[PDB]
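Shown next as structure tokens: one chain only, the form deposited in one PDB entry.
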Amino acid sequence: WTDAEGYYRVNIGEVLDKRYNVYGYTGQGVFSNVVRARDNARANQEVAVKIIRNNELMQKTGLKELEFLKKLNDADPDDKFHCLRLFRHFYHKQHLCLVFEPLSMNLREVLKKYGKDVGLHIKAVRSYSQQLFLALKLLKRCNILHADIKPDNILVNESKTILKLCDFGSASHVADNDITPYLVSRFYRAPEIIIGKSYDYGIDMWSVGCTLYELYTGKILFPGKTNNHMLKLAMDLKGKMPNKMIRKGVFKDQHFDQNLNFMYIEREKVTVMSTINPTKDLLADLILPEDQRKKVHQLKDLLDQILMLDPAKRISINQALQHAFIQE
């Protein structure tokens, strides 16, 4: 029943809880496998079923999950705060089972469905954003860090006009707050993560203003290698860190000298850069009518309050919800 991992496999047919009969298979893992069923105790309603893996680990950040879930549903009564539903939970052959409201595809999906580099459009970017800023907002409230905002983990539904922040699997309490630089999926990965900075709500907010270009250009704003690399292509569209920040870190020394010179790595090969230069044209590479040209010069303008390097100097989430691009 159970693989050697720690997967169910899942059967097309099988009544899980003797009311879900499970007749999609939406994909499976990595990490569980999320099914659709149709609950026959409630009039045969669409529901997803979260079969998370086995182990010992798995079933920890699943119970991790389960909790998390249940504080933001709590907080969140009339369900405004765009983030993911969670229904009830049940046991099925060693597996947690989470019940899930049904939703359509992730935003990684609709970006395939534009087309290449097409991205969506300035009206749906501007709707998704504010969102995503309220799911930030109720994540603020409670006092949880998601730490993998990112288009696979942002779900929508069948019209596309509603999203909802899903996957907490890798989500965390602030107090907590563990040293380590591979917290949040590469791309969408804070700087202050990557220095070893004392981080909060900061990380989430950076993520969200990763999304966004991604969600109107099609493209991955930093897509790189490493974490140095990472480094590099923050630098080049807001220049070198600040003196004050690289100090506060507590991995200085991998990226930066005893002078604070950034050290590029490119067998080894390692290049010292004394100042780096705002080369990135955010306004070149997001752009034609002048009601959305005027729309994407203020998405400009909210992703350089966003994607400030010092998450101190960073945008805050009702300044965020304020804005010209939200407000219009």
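Between two forms, the rigid core is defined as the largest C-alpha subset superposing within 1.5 Å. Numbering follows the first chain given and starts at 1. First, how it differs from the form deposited in another entry.
- Residue 319 shows a C-alpha shift below 2 Å between these two forms [criterion: core-superposed Cα displacement of 2 Å].
- With the core held fixed, the Cα of residue 295 is displaced between these two forms by less than 2 Å.
- Core-superposed comparison between these two forms: CA of residue 310 displaced by less than 2 Å.
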The other form holds:
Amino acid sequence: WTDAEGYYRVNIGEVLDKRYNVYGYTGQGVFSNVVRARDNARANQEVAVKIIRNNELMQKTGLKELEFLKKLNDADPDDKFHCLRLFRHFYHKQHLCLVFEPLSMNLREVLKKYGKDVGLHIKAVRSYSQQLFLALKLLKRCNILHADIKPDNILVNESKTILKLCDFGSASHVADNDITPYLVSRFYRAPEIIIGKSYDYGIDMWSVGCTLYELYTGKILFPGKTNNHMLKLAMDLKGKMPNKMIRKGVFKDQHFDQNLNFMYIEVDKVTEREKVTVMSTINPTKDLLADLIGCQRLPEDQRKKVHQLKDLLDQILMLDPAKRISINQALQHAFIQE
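Please give the corresponding structure for the form deposited in another entry, as opposed to the form deposited in one PDB entry shown earlier.
Next up is only this chain, free of partner chains and other molecules.
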């Protein structure tokens, strides 16, 4: 039933828990594989089943995820705020299985199908931005950090009209803040995390900003190789991290010298070796507007919306979380409202 690496040996056509008729294979991650099934007990209703790897630590992550899903699902009984619905859980041959509403595509896979370095229609990005901000609102009302928002953890329905935030395996209550510089997938990781400053709901807003750029361009906004590189790429957009913010950072000495100069680590072209370059200034060079427009000819209505997305991204991607746009302000933004 279980392979050497602890994954359940999915067979298409098999029944799980004497009720879930497995007809489709959806994918495999680090922590699980996911199938499509019909519920024999509920008029053959379509479900997704996530089968956690037979591993103590990963099973415990799965039980943690059940707790956060129950809290979010119970807090949103009419399902208005775009978080994945858990129906129930069961055990099958010692595997923890979570039964979800039937979604089978994440926004990474959508980007891969609908182009390469292409991106989605600006009308779709508008709609998806509103739905993501509604998810942030519920998270905040529930005092929850998702702490891993990225295209891979956003699911879409068949018609790709509705998205749901998924995978609460990295989630926490806002109080118990592990001072770790590795919270959130690196590309989507806010600068307050990296420098070791106090963080909150702002890390999820940051991650959504990174996601929205990627949804329209088809390109990762900040493809940094390390934490130091991530800061350089952030500061290429906004300029040097403010002095007040640097001095608060528990990890400031990994990134900045005594005079608050940035210590940029570069892998030398010639040698495969790291070197350091001290920079007192980082001049903003990241041209967001030019990035979003792909040297492409748009109708003026779409051109208006891309400028508005750019303004919204400028307000999301403030380095200081205290200066970052609120969920309320984001929902009321011209990009979504006009």
